[PDB]
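The chain below stands alone and is given in structure tokens; this is the form deposited in one PDB entry.
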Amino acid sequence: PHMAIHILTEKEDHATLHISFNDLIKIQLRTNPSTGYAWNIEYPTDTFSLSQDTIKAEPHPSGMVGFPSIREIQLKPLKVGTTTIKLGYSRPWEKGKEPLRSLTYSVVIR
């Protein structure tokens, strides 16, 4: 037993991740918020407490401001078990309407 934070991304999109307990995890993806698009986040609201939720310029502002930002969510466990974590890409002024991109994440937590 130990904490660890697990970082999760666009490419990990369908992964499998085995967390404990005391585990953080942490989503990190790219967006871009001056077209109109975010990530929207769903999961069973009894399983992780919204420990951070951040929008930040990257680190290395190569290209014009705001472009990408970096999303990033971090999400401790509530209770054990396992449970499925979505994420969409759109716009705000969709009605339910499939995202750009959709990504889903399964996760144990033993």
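Between two forms, the rigid core is the largest collection of C-alphas that superpose within 1.5 Å. Numbering follows the first chain given and starts at 1. First, how it differs from the form deposited in another entry.
- Comparing the forms between these two forms on their rigid core, the Cα displacement of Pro92 stays under 2 Å.
- After superposition on the rigid core, the Cα of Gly36 moves by less than 2 Å between these two forms.
- The rigid-core alignment places the CA of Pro68 less than 2 Å apart between these two forms.
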Contents of the next structure:
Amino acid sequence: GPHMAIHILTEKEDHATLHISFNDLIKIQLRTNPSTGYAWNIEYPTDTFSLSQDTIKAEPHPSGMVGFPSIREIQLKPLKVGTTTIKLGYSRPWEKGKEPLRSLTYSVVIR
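Next up, the form deposited in another entry in place of the form deposited in one PDB entry?
Below: the lone chain, stripped of partners and molecules.
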């Protein structure tokens, strides 16, 4: 085993189950388009993970348009061992009566 591992999750890993170690990190890396008012919202057990870093960054290419899309990166560090579900929804904050355009679900076992 390593000192620690960083596990990268993207849209493509929807419904994945990840087994990680106590001292590992999860990095969720998603594309996003802030110019539209949409953003990813994350739901996770706050007793089990700490938000180590949350970033939105403008992406270089394809230019294309040079600045679109953007990248959302959410890093989570285990606080406790256990089994968790992380859910993300891509939606508009103040929009009423609508479901997220896209939803992601990950199962994470911290052993």
